[PDB]
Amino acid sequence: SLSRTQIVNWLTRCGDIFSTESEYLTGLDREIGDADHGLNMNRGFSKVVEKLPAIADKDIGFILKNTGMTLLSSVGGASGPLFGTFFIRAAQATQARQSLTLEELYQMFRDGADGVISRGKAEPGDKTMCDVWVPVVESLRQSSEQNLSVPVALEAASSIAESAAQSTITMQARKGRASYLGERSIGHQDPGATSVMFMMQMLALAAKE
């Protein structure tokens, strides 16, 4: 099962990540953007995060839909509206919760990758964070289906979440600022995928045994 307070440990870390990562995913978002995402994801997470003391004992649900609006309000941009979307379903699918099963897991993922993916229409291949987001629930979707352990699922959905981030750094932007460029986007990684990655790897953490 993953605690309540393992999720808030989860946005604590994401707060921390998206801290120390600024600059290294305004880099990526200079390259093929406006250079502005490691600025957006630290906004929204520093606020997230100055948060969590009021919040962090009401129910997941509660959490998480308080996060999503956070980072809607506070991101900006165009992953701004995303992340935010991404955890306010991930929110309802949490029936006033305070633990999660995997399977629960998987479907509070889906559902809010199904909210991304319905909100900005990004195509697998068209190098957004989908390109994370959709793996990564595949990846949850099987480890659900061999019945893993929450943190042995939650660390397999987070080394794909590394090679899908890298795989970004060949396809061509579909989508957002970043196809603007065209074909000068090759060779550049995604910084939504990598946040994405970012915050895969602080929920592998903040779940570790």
Second form
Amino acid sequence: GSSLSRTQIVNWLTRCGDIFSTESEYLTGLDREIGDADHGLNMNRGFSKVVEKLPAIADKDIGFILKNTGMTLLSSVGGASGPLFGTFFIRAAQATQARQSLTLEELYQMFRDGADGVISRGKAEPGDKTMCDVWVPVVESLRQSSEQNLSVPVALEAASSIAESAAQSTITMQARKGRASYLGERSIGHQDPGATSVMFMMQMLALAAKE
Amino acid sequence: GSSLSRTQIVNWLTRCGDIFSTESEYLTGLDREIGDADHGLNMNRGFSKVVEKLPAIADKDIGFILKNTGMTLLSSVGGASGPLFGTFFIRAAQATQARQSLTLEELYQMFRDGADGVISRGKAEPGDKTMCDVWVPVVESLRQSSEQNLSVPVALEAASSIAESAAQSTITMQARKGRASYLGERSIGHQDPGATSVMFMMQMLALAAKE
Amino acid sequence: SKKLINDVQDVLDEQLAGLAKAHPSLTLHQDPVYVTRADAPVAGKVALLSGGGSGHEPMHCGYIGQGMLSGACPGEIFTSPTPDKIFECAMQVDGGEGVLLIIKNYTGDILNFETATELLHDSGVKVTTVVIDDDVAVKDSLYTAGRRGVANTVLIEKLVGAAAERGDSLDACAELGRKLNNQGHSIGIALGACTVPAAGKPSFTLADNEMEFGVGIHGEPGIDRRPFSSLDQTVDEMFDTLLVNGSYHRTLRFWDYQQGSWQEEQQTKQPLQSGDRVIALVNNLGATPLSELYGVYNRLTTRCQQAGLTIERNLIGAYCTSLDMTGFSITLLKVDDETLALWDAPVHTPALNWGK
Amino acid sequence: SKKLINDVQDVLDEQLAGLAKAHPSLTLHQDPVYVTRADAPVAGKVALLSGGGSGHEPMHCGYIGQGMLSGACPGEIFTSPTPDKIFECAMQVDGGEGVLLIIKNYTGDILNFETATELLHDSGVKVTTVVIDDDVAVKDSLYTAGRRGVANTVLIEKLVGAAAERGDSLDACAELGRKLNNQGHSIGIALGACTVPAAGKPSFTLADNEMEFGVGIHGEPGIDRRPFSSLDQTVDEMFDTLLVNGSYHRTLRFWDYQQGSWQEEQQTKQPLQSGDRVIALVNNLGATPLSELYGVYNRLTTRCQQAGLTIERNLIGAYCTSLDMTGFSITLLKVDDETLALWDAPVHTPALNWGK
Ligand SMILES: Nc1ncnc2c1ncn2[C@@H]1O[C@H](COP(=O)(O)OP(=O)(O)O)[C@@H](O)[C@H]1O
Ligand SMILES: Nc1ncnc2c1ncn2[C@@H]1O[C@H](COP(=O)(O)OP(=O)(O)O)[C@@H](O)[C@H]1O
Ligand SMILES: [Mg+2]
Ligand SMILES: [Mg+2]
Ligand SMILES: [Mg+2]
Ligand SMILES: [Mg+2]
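Form deposited without its partner chain already given; the form solved in complex with its partner chain follows:
Below, the chain from earlier opens the complete complex, with every other chain and molecule after it.
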């Protein structure tokens, strides 16, 4: 049956290291227009540290790897995204726990629990112009894919492609949370940096699950 | 016999007010290249105050008017040119004293004594790149004109025209005194602001003496 | 570009080392980075801690000393520090009487300082919190993250630092900070953007007749871009906004160490009014000449007199910055005789020093 | 353009008014302009006076107070003040024990302060002078106006201000100032020029990889325009120049109040040497971030250690500026225990404040 292995999750996180390095300046520029120009650096610094610690733990259980990842990000990313992405991974790990692979259904639950964590820490609602504008649609994609008994790889391919449109959907919102909310209507016309990071993370998961 | 009247001296100083106002920015730019960009403002502020006090004293003796002028400049121009031009007028006034008009010969002595004052206060030698590079040639012009028994108006016309070439001659000197001497060889290629001020003053005297 | 730095990765390492070298009274800790009074822990006193991104020097490390902070956590440039750094630093400075965390209101500072407060509680450390949200530019908290904590953080760290030193309890410290937070008012403008070391371009560009009005401290654009005309004009718009945006309602959470949980507290601010007495802080955002700040003060005193406000103390200088930003902020904090007594009390920090 | 000013003609009027308003301890006099301690004349002490153009704030008015200056004469921007202002100010502050004039070495300051010294003598006032020429950039006094007085003026005003306050005589004050002048060494660089209020263009332009090396305080170009590469590089060139240009011979004139005449004094400076102890001042020229000054200090301490010099005290901040200039200067003043004792003595000024 269709599942996502522990080494695919390792591979995912490893690809995040690559993407956050490559798109560092792009994310920075997004956070320059409607922020303080640091997001890219924060994500790069965080996943860079994650990906360094990863080879020493590549053989532990999925819950272990995700929880350490969240804790690593927390100790390193800083700013608003550090506690938010840290919480995502920590809550995702307690959905998972000692798994060695994950069914679509468990992936959905994992992402559902992660996002619920970012929503209660940050209180963002749809249209606030945050990473939650990508998480929520992503979770609902996973839910739908699960109903339809899709394979894990095409489920993530569809979640990823939904993440893309959701990130883009932010351009148009006036920010109501985060630093961008201080700019008022000046935040309209600009893509949310954190939502872009979620998009990149989902794009790398689709890649990780292809085989 | 050919003489320079007290009201022509008043007229001279009045024309200096005009020239230092008109050429304020030009003198400023000269003192920007090789200085601190203040000369024009200093001369404008000084002669502006002189020319305000002048109508109340237009009927006193030449020595009186010149000495007050020097004292007014001193209390107002500041920086290096304040004490230097103040001393010029104060020493010129004690050559003059209670005159009501001045012969070529007394003009020469007046300018000779003025300049001697600026030279001993400042110690500038020919080629140091200062106002003294115009004063000294100007005094020697007046001397020569006196030998030749020229009229006062053409004497000043020739002193003025010598002042012009002397000011221009500074472009080429490396400064050895004043603020410009801190720039070393970077002071070469630039006209001395203070020498330009002397030139303007001599040009206005020629004008004042025409009638 | 054009910063006095070496490699971008090493800027904070080099700058913090220089801080520790210059200051015998300060200890630079490593792995994790943070800074403390060399004589912390000080037994018998409430310990005062704060922190935030690098780039606002002297805030906060310039305020570590007797009468002020016991330690501070510098983060990365314009980046809130992480909970482990705040946790270790608070552990290091704990004087048996509790630890007070002063937190500027940014999503990141709030969340990281909150995670840290809970870790401390769970370690048996008595702890509570004060949130600073003095920046009146963001008028309305309804559909925003809330007002920013800017320069008033300094006035509050001093006053609360004085009470902590006087021997006041955690609770009396916290309540003092929260009261002051409720009647302190700030606003900033920028004439030119800062450039972060990793950037080579400024955070925003601006024509010679334009200003960013209602700026904070991390280089984001302000609440609007408007014409710049004169000192008097600029100071008048700022002051008039201190008054019209003075009314503010919002919810701030503080740690109840007895419950062991976050306590929402809905609180409202009044605009400053005729008859109030204030401390005025005229604060360089980084690259404004001191002379111009005095020109700003000249105008501010006039507007204060006209509005019925009496300035009892002032600070004029570079106290809470944004790297190399050309601009300034005005802060007016309402006071009484008891608060003035804490103002005048000794303080011995790199940035602030008097008495004793 | 883009300055926080109103009409150009009124900038100093507005800024000085703001100074007097902010500072209860300072009296602003009019017609002629100058500034004094509100409690001058102080009977029984040598009175310390200085002055110079506006544009170097806080120097000199930020240094008026107990332990430092008794008064100061601000001139126009970058313009030496006139002899009448210095004369009236010295008359105002005369404490029966003499007046000491501290004069930075510029043609204008020298000539105006000299004219003033003579007026004072002729009024029966006991008076003498100290000339400051710490700037090592202009290597050689032979065919120049002489080395400029820059940031070391602050360290000397403090130390001599301490002796004056301790109760030392005019002569012991003067001799102390002149000795310190002989072993204090400064150098400055600019990354960006200042703009004076009347100007709308900066005093010089510069590419991103260029610096003005060996700059003073009035915005003139330095002794050369050279590549800018890094903090370490910049600080290394500056420091190496402090040492190689340390040797200096020149003539400084001081008033002999007994003779009633100028006394030439040919004096020579030694370069700083292995085993000397110093006070280090890392001085913002106006628009450098405090954080970068700490980065500069980090490097400076290394170079000092390597050269055998022990930094005993430091100041890091904006003490002697050039309006909105992006740059900094380094000053190293050689000291002994007796000079350190004067450093640590109380000082109560707007810019400097400790003890007592
Ligand atoms: N209250 C919130 N809830 C969810 N996400 C948020 C919230 N506030 C900010 N964010 C996310 O954080 C991103 C900015 O992160 P970053 O630049 O790293 O932190 P900071 O704003 O402190 O500099 C935003 O683009 C947004 O997606
Ligand atoms: N030692 C000196 N002797 C004669 N003239 C001098 C001397 N030093 C400077 N000057 C004159 O002063 C001019 C600069 O004057 P100004 O800009 O008003 O004063 P400052 O240099 O103090 O700003 C120079 O161009 C030069 O002609
Ligand atoms: Mg950011
Ligand atoms: Mg000049
Ligand atoms: Mg940030
Ligand atoms: Mg000048």
